[PDB]
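Mind having a look at this structure? Questions to follow.
All protein chains of the complex are present and in place, except for one that has been dropped.
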Amino acid sequence: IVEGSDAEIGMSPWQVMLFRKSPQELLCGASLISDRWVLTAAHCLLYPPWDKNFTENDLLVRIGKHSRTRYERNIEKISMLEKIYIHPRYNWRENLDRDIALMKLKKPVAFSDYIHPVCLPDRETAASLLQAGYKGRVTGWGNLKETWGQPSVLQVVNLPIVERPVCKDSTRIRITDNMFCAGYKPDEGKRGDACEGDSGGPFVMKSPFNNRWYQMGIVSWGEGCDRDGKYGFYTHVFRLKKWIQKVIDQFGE
Amino acid sequence: XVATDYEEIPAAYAX
Partner (left out) sequence: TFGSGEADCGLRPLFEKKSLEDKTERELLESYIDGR
């Protein structure tokens, strides 16, 4: 997170850390959506162009964290993965369309003041909040600058959703309906963005009708970090809700 | 993806 701030304790209790076994390292962000299911970006696990192909046994999940490098004794919970599922039409060949994946935990995790699931949007929630100009919130342990460094605790930044055409007009990559873009415009004089390390974390909004937090996006890609005229791109969770439903319904819950 | 020192954890967690 570029131009963000330290989170408050317990501010994003659904925030998850995808952690590399060995070498022991921060791989990406992720989110807790039930006692046994985690949501992230497919590219955190699979990206043939860079020779990226992780497996269940390669990773660890850390939940309830605040501090980036410390092992938070008595606070954080660590789980192992039972199975990973990537969308069948995830497109790593060209634009990362459908960048989404679910992970089934080995055993359910218990909730606490620091660990609690976020909600997935319904059609109406989507309809009402996913509008240009509305702000959402991004979280993560990713880099602080495009070239710098790394933060000490979880960072947070609030960003506005951008009109599709502006999004299209900012890049040469081809945009799909399974994606949206967010950030301040150059004139705006307010900055912020996701960066390396933030990938696969949650883009969330708070409902003004029922006081709950919904995850509308997954951090997907950007061209650099925090550049002017550029924007971050996110997977559109609601448009992929069916695949989520299906998988959870067929392989437990 | 952007197109352009961790405390050890306890021995169990692995497997």
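A few remarks follow.
All chains are identified by letter, namely A and B, in their written order; residue positions are counted from 1 within each chain.
The criterion applied here is as follows: contacts are C-beta pairs under 8 Å (C-beta built on N, C-alpha and C of every residue); 3 or more make two chains touch, one makes a residue touch a chain.
Taking the full assembly into account, the omitted chain touches A. Listed residues A:105, A:129, A:154 or A:181: the one in touch with the omitted chain is A:129. Interface note: of A:10, A:165 or A:229, the residue touching the hidden chain in the full complex is A:10. Interface with the hidden chain, as seen from subunit A, comprises residues 5, 8-11, 13, 33-34, 37, 111-114, 116-122, 125, 129, 133-137, 156, 158, 160, 205-209, 211-214, 241, 244-245, 248-249, 253.
Going forward, only the chains that are shown with their structure count from here on.
With each centre defined as the average position of its C-alpha atoms, the distance from subunit A to subunit B rounds to 18 Å. For subunit B in complex with subunit A, the touching residues are 1-10, 13-15.
Within the complex formed with subunit B, the residues of subunit A that make contact are 21, 24-26, 43, 47, 57, 60, 69-71, 78, 80, 96, 146, 195-196, 199, 220-225.
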